[PDB]
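Student: Here are the chains, one letter per residue:
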Amino acid sequence: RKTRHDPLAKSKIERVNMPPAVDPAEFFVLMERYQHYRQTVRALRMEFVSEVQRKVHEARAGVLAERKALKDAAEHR
Amino acid sequence: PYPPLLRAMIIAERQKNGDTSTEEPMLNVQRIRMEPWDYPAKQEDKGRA
Amino acid sequence: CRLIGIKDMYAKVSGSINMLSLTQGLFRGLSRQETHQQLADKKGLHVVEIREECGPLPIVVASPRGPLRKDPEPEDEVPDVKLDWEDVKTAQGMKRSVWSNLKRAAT
Amino acid sequence: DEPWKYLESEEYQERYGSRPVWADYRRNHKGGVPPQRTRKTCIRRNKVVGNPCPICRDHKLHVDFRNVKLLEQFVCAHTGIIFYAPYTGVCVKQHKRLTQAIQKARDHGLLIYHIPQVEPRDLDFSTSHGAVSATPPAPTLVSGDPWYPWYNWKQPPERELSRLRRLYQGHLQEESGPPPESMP
Amino acid sequence: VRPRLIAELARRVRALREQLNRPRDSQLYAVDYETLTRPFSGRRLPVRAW
Amino acid sequence: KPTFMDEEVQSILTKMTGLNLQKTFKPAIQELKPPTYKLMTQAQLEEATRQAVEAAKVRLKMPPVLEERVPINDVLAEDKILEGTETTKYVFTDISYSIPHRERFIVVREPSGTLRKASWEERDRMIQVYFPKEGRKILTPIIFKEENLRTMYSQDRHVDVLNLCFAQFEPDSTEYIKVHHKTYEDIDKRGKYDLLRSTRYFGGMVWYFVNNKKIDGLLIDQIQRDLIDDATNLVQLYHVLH
Amino acid sequence: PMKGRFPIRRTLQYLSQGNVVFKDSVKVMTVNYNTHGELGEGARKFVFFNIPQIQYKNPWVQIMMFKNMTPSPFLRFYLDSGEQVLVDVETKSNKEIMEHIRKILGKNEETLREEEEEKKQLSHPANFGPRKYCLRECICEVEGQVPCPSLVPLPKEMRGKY
Amino acid sequence: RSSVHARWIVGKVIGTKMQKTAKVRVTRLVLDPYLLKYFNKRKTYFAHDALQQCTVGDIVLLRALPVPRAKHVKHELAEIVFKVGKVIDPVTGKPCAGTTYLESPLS
Amino acid sequence: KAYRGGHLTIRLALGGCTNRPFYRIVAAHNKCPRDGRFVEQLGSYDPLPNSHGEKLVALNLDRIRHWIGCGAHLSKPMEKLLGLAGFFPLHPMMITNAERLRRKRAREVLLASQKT
RNA sequence: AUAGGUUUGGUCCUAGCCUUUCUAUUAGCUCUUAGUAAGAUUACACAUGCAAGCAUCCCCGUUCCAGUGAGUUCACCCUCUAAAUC
Ligand SMILES: [Mg+2]
Ligand SMILES: [Mg+2]
Ligand SMILES: [Zn+2]
Ligand SMILES: [Zn+2]
Numbered sequence: 027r028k029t030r031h032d033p034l035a036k037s038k039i040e041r042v043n044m045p046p047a048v049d050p051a052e053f054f055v056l057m058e059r060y061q062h063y064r065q066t067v068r069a070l071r072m073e074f075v076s077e078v079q080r081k082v083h084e085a086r087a088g089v090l091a092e093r094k095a096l097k098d099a100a101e102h103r
Numbered sequence: 165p166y167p168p169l170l171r172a173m174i175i176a177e178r179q180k181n182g183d184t185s186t187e188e189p190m191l192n193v194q195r196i197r198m199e200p201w202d203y204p205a206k207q208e209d210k211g212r213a
Numbered sequence: 324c325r326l327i328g329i330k331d332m333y334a335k336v337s338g339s340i341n342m343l344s345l346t347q348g349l350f351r352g353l354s355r356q357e358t359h360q361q362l363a364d365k366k367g368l369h370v371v372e373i374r375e376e377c378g379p380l381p382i383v384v385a386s387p388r389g390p391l392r393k394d395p396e397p398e399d400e401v402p403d404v405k406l407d408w409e410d411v412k413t414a415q416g417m418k419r420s421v422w423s424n425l426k427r428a429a430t
Numbered sequence: 053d054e055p056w057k058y059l060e061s062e063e064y065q066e067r068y069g070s071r072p073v074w075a076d077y078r079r080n081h082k083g084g085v086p087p088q089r090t091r092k093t094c095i096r097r098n099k100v101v102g103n104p105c106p107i108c109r110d111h112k113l114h115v116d117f118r119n120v121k122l123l124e125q126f127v128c129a130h131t132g133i134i135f136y137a138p139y140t141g142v143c144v145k146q147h148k149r150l151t152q153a154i155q156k157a158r159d160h161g162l163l164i165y166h167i168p169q170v171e172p173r174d175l176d177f178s179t180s181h182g183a184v185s186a187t188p189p190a191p192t193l194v195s196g197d198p199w200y201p202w203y204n205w206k207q208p209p210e211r212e213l214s215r216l217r218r219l220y221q222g223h224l225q226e227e228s229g230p231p232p233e234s235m236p
Numbered sequence: 006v007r008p009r010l011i012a013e014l015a016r017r018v019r020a021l022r023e024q025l026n027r028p029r030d031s032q033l034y035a036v037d038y039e040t041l042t043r044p045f046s047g048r049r050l051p052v053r054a055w
Numbered sequence: 067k068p069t070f071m072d073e074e075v076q077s078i079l080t081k082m083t084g085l086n087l088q089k090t091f092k093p094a095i096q097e098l099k100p101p102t103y104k105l106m107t108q109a110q111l112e113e114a115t116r117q118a119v120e121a122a123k124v125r126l127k128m129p130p131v132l133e134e135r136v137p138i139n140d141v142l143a144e145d146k147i148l149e150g151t152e153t154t155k156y157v158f159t160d161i162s163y164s165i166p167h168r169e170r171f172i173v174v175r176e177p178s179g180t181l182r183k184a185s186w187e188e189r190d191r192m193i194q195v196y197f198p199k200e201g202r203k204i205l206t207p208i209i210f211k212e213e214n215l216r217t218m219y220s221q222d223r224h225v226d227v228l229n230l231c232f233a234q235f236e237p238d239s240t241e242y243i244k245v246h247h248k249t250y251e252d253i254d255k256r257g258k259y260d261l262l263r264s265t266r267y268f269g270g271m272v273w274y275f276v277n278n279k280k281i282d283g284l285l286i287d288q289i290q291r292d293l294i295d296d297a298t299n300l301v302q303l304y305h306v307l308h
Numbered sequence: 002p003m004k005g006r007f008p009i010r011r012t013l014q015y016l017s018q019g020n021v022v023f024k025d026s027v028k029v030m031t032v033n034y035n036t037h038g039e040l041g042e043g044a045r046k047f048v049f050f051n052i053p054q055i056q057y058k059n060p061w062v063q064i065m066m067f068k069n070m071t072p073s074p075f076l077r078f079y080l081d082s083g084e085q086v087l088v089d090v091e092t093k094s095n096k097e098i099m100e101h102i103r104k105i106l107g108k109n110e111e112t113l114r115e116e117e118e119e120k121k122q123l124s125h126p127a128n129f130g131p132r133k134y135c136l137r138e139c140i141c142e143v144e145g146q147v148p149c150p151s152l153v154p155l156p157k158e159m160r161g162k163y
Numbered sequence: 005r006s007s008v009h010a011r012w013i014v015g016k017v018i019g020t021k022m023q024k025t026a027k028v029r030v031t032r033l034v035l036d037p038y039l040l041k042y043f044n045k046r047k048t049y050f051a052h053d054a055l056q057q058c059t060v061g062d063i064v065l066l067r068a069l070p071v072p073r074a075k076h077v078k079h080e081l082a083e084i085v086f087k088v089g090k091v092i093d094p095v096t097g098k099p100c101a102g103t104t105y106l107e108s109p110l111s
Numbered sequence: 010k011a012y013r014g015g016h017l018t019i020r021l022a023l024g025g026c027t028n029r030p031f032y033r034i035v036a037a038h039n040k041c042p043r044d045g046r047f048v049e050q051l052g053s054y055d056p057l058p059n060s061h062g063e064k065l066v067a068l069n070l071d072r073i074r075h076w077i078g079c080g081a082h083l084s085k086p087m088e089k090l091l092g093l094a095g096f097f098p099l100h101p102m103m104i105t106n107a108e109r110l111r112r113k114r115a116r117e118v119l120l121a122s123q124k125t
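Protein sequences appear in the order of chains A, B, C, D, E, F, G, H and I. Take 27 as the starting number for the first sequence in the entry's author numbering and just add one per residue. Take 165 as the starting number for the second sequence in the entry's author numbering and just add one per residue. Take 324 as the starting number for the third sequence in the entry's author numbering and just add one per residue. Take 53 as the starting number for the fourth sequence in the entry's author numbering and just add one per residue. Take 6 as the starting number for the fifth sequence in the entry's author numbering and just add one per residue. Take 67 as the starting number for the sixth sequence in the entry's author numbering and just add one per residue. Take 2 as the starting number for the seventh sequence in the entry's author numbering and just add one per residue. Take 5 as the starting number for the eighth sequence in the entry's author numbering and just add one per residue. Take 10 as the starting number for the ninth sequence in the entry's author numbering and just add one per residue.
Since the hints were made in silico from the structure, they are not lab data. Any given hint might turn out to be false.
Pairs of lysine-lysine residues, derived as DSS-like cross-links and limited to a Cα-Cα distance of at most 27 Å, are as follows [as the list claims (entries may be wrong)]:
1) D:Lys-156 - F:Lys-104
2) C:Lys-412 - H:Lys-41
3) D:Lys-121 - F:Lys-92
4) I:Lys-113 - D:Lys-206
5) F:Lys-104 - F:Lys-89
Residues on chain F that point at chain B, a partial pick, calculated with CB under 10 Å [said to hold, decoys possible]:
6) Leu-142
7) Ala-143
8) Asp-145
9) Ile-147
10) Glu-149
11) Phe-158
12) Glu-169
13) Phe-171
14) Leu-181
15) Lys-199
Yeah, the Cβ is synthetic: ideal placement off N, Cα and C, and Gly gets one too.
Using the sequences and the accompanying hints, generate a full structural model.
Tutor: Right, dumping it as structure tokens:
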């Protein structure tokens, strides 16, 4: 790929990047879909994060783990 | 509603645990806001050329 | 080996390879190997072989023709046997010569 | 052809006897240790070159899932291993074919081989979990309605459409309302 | 371990330059209206803002 | 009242089966290494024998009988919009090393945009594909055809067949069950029940026979050799069952 | 032949055979043992045979040997807590000492099993790699699927020849 | 808890020629993987010693410092585990030489 | 390797020869190459339809979830796959594509009718 | 290495060199088709064309991917903490 210190092509400078035309109703529908879907996705992500956090807690200073540690200590003693 | 499979999985898990629980699992977007795309950003965070 | 009747086994010949010496030595070796029966006679006990091909099943090969020693062999652990390095290497996988496990014609 | 008969026969006995097909044969090669794979094919065009691979030298020796004895001849009695090509000194193609034949025989049960008693992959034998059994069906499903409402097409209000048009004055396309609900 | 002093110096110089002769944005937020491009940069604007 | 895993019943079944240390631990046709020779006294020998017996017992402890599973004809969700756009199906399988293979989630999307919980036949195959096992080929092999099976039977080779079946199809399967039944039938007709007497028989042959009411042949077999006590036990079991 | 008195000390297998895996807490396991003393044979034996095994089992712990600092042979330990275990070995046989060590600052079998399980979990079966890490390189190798154009070539479906 | 690698470490004392800093050499056992014999490789370690209590030949153990308090020293002389000559036993804590009690037990 | 804060991504990857595409779904660095290294490999996907019309997809959902939690984005194909599975919602783009296809079909039908 | 050849009028020992096996480059001489992998000798010198844009202007990106092996114990582990991502 080009690295920014190169000159850029001579055919490239005279090129108008004209965008796609739009169907209105369809576009609106698409937008709606994006809005809704993304919310759901976000929620899912949040849930996943929460789960991860819970797992971490369990690993570290979750009750069971703590108990186990205590038991081990007792055994050592 | 949860998406098809996740919800099913959750239900299965519940069953395994013991409780029947006919109350279906659901996620809430009361927390999840949707500030639009045309909503403006912040010039403090952007870098100038 | 073929002449004898010995049908399948491995042998490494180190040192020199004078033919006469090799042959005579081989003959000596074959003469001086204890039978399992002989071993049994020497020790009392039973020469029981335990195959990995077969199950844990203890197969008794040679029991002693007469009495039986009721004192079991003292399993003096970490037994001193001045053992070969090559074998050890093979077991480990440290040596890998390209001429070792070569596909050859039958015998 | 349709062989086994050949194996049975007197000619075979006369030729080989009790010993196998490949005991006579010896590869001829540079000294000491031989090339670690055997020659590709004994026979080229319709010719037969050199001292042929123990199968190739005879017309009558065929190879298939029915020549059981012949197939055995190229497998250990004590191990179940098919001899590697330079043990017997067979042709590479022939060897390949032999192996295939053996496999076929095994599949069919025309050649013995160890079928070891494995454990069952699952140590628990219950079909209670949702996984396999049955999930309580969704309300949407019951209705005859898609999962999420926005899966279907809702016609936008006209205001929105107008706005869109305004936004993209020069660049627009004429459009339909909803799509069909079938497609032959 | 050798120290790369020169590189550091260069970096410092660059930083100084950035601090000082940075383009006061009269220059780089300019717009040639007829050609719809820009001084300093040279690149065009997108079509949906013409 | 039937209860396969009732301990008394199990014990009875074990009794009915032999040990015959040589048959359980037969000389296998595997890659061999040289043997390891020990120097045992009488007590030691006895101990070894005991150990061997124990091992044999352990080997012959499995397996259970579970009946045919009910086919899975369920739907998670059924989208109508896809309708036959992304054709050729999709088979999505949950994977996780710390999950048992009956508590998975194997799911199928079809052209008629549904979401099935997968066929039982499908599911096992999928598992195999993702979790390969010594045995279990992915497609159902040629040995479990009729003719091949018959041929196998003819070479008085039933134990091997049983083993193969076990390796292949999970014991709740239909095909496996069918195979087992066929084997049993074969054993019954022109009889050789002493092939299976240190296996793989304790439930298989006996329990099934009891259920059917095809005990007579077994009884006859018992009589012919010796095995009076065993016969009596069998009779008792039958009585209990009915 | 191998040059040691007992050449089984260096066979790798022997090293593996050592049962004692130390608990996570230990840092230094200092042994001190008498050489010419007739009573402290067990300690000597341990030093000779088992120390290497121990080291192999747990390479991070520092093992030090001391010859005639004291009359009575003993093992002393140092944990990350800062405490000090002190086990007198005198009178015992090496095996006994080993057992004692295992009891005191040695892991359970259960723990080991758990560790093994964890390790197993790390290297998954159903994923694909290049042999060294994962079983089976590509899903052409699994049966009943499109089987790698290298071996059997694909039909005229293939692009550029269509 | 602490930045340095070796947290607890036993060693023998060589150099006190520098203020409040004992130079202590540590020796691990290392397996030369061809021979598979454990040879006793060694490594120098500076250690802070507040009082200059330590003398040459001493056997000491060093706790890690929370941060290295100089280029080469990251340890604190936590305890003198054997004083030079004046060695007391951990079991029956009485004055002894090598292999011989001075103040005998039974006191 | 140190990149300029490249985010994590659950992404596909070509593990095939020419004309046989095979895919590897994989948690990796955004700025890594396609077939280069990764953080943790997840469920292999096959696009070519195997014996008797199955297009099989692996997924370690358990670890996918973890990755998502840890803040790893999803490429569009991955998202689509998830939707198909039932793990995510159907990606709206897919729906739109379907709609378009339907429309096209309708048009074709109309044309046919006209012809006849 | 399952080894073989080779010091000598001969024999034994010790011994180096070579042979036999498997790769990968060039070289000669030859060569039907199909599928698939691999593909500057050289941190020597370069013609030509192309390899980074996107986007309602800001920005963000072109500090990646691709390349090469010049130089070289920064690549693995821990401790701490800046990005940077949820
Ligand atoms: Mg001469
Ligand atoms: Mg270089
Ligand atoms: Zn041929
Ligand atoms: Zn492939």
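Student: Now tell me, hint by hint, if it's right for this structure.
Tutor: Right, here's what the structure says about each hint:
1. D:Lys-156 - F:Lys-104: violated, 42 Å
2. C:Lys-412 - H:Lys-41: holds, 15 Å
3. D:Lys-121 - F:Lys-92: Cα-Cα ~23 Å, so holds.
4. I:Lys-113 - D:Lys-206: holds, 20 Å
5. F:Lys-104 - F:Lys-89: OK: F:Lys-104 and F:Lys-89 at ~22 Å, within 27 Å.
6. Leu-142: holds, 5 Å
7. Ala-143: holds, 4 Å
8. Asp-145: holds, 9 Å
9. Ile-147: Violated, about 14 Å.
10. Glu-149: violated, 17 Å
11. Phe-158: At about 8 Å, which falls below the 10 Å cut-off, the nearest Cβ of chain B leaves the hint on F:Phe-158 intact, so it holds.
12. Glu-169: holds, 8 Å
13. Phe-171: holds, 6 Å
14. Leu-181: holds, 6 Å
15. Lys-199: With Cβ-Cβ at 25 Å, over 10 Å, it is violated.
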